[PDB]
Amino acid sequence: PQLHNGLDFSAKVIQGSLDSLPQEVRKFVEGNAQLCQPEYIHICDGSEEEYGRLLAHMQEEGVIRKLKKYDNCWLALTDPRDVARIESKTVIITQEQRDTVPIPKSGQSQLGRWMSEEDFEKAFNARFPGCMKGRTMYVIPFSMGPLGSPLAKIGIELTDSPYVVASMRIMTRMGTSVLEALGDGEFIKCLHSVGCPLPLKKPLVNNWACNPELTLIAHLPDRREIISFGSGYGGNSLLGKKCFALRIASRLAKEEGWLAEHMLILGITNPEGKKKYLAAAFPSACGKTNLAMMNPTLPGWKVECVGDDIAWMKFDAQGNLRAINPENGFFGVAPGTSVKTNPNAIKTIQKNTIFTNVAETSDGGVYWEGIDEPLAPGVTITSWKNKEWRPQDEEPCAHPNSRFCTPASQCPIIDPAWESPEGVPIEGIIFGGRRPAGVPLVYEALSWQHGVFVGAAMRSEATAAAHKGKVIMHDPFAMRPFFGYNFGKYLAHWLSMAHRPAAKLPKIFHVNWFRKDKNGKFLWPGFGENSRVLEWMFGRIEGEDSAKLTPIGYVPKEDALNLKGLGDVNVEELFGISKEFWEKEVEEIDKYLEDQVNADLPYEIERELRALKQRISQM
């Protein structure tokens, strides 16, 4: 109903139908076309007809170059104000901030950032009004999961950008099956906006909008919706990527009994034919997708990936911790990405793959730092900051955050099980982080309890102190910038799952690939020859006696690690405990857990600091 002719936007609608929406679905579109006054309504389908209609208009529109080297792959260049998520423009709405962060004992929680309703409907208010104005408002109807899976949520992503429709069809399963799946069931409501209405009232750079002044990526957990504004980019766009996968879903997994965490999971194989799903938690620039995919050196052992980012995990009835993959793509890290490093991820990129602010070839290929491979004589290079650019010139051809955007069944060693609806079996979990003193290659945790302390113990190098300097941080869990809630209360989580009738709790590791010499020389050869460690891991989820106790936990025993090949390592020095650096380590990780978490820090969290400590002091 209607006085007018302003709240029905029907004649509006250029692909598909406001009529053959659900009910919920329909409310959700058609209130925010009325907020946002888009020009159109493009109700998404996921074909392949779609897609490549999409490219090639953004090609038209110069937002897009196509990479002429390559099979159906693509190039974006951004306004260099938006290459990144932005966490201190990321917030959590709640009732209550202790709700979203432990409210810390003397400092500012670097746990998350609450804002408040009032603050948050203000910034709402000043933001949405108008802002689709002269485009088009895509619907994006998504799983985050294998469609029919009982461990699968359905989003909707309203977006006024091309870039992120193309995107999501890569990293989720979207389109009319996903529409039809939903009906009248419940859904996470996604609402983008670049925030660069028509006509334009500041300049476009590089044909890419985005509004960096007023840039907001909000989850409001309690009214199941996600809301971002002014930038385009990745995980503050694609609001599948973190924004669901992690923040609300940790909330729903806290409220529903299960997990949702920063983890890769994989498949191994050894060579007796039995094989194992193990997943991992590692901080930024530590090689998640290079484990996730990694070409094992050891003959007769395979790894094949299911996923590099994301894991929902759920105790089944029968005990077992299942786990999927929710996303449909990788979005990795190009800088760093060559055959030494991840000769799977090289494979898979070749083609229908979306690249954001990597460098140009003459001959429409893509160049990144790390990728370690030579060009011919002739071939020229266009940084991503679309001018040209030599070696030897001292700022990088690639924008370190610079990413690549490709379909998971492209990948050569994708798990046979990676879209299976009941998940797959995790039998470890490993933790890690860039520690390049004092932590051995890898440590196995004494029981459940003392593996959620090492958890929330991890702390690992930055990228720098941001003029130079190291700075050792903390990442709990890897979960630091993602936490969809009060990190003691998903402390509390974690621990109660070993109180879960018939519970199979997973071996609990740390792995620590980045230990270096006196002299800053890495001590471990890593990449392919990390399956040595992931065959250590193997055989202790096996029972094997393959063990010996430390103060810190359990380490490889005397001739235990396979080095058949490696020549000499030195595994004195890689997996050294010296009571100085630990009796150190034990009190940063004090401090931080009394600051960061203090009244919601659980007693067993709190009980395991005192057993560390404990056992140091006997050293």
Second form
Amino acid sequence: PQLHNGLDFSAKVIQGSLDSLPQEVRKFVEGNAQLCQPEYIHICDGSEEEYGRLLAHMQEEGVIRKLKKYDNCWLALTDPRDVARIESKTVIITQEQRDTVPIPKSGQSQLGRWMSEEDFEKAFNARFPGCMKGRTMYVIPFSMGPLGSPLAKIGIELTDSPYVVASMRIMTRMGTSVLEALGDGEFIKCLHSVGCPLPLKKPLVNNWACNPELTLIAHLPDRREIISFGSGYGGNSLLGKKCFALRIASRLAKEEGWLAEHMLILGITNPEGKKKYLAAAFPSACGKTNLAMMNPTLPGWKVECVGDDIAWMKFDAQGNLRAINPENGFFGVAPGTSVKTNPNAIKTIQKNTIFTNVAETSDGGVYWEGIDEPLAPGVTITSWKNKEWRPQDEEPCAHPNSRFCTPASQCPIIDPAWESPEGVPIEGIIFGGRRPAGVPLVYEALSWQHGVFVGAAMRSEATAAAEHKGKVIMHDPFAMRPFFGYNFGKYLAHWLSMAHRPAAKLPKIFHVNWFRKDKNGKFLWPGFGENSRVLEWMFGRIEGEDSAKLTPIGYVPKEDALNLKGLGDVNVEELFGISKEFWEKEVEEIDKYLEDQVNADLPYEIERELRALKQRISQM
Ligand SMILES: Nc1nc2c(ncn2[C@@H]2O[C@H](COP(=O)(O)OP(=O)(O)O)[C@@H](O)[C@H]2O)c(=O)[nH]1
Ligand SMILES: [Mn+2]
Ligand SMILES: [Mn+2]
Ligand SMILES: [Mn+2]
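Beyond the form deposited without ligand GDP, can we have the form deposited with ligand GDP bound?
Expanding to the full complex; the earlier chain stays at the top.
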């Protein structure tokens, strides 16, 4: 089937067999192999032998170090320029711009960056051709969700970074058994490359191969393809997490009729013997991980974890909104994780965990800001910049966006249904973000329409997750602003459509705010474990208790309704104060944001709620 041996890469397979691969799967491999020209091809099987042999290569290449104080834990230091998820260099490739983002009025579209196919082909042919020269191309077959379960998707990611192969084994279900399940079914085509072929023309920092100048993350929903280049950190290289489970999954969810959201899933049990499942949509670095692994301070309550990031939901035959966690591990922020704040996380990241950009102690341990843990006498600390660090300098020993990669099965409070194929019925949805002043601690929506409005009106201060800096209160609807896969206007309609399904059991909607400060800069709520006091009020409302009070913005707990025993000193007046001067400006910014960003694709019900809220606030 060829004139010269220039298309048959059989003599470059160090593991596996191109013959054992399905038809369309093999064509996808040899196609990019001819374009990227890898030195070798490594078809993954996910076995322990492969994972152990994969670690030795990175260690012998100066990429990762071994943390001797813990059982099979490794540290990795990356290039200082590749530490976050570049939102500015992320594009969605569709034929019509209206499919990706709503055509704005005058202003620019914050709800995504659209790029044409012609402009994408010009940049595509200017990067990949020859990027894997002298490297190994790993074929990674993973599965988002339990194998054989409903709404379970399979993908094939080709990459040249063993740091990606090791992480993909932790975050997804990858191995040979995934190929047997796929057979002749569809699969998302993923392609990743660091962009540093051999010989190296640019010296690498910390042996971290990257190309910041040419970093590009593109999505093609029409082709079911995902193409990333240049980067190699979290959501940029782990295509199954952000690019697949959210952006592309949202497009499929709109076509097929389910939901793909950036929410956590946690079940809570009360002293009376009842258990309910909740979901929370918080922006990055806003409190999703600490909430799903919470150690409550109330006796008789038990909180178990199902997920901390991705959530795929869909109605069932009985009218329930069941959800599953398509992921297999955890990829949460490191700084601030201590025994007092998130004790469940400390128990999980002590074995089979890969750390990144965190400080290392002399005795082989880990260290980061907010760890709140004394060291033994004579122990030194090495910052993430590979330098000797002391608490007297200004350089932090660990990067703000430094992460840990740990399997989900090792969590002590993992819910015994995190891999069930049918999912868990969700009875509540929680919105919120980092709002320093104005937003009360917690309130409840008035209806399903007003609830959707609450999610669309989410705002929060810029944190340390993307490339945003400063204390700016920007908009972030549904905590999905950086992960919208199609038109946001149609997105708001997809949620409002859930109120039309027959025998629909719609869940309640709440808005919280743990970060409301006072006039001095001190948090009015301790948070973390004490957040269970707020979750208790949400549990009773679901059962139908009469503990709510009507306000111009929603339902707030009545007096003597929150279990504040043991505290008593919390300033309740300022923690639930609704100022008329504040909410008259808040709606002003909400009115200007919706008209400029959604424009003609804004549903009438979202506008009817905007007028309803404005009217009620003017009557104060
Ligand atoms: N004040 C307060 N801070 C919190 C709470 N939960 C988390 N945080 C802080 O948020 C930071 C990271 O939050 P995290 O849960 O990892 O965010 P996410 O996983 O991206 O959703 C930590 O350093 C904590 O200090 C809370 O309930 N109250
Ligand atoms: Mn996230
Ligand atoms: Mn997280
Ligand atoms: Mn309707």
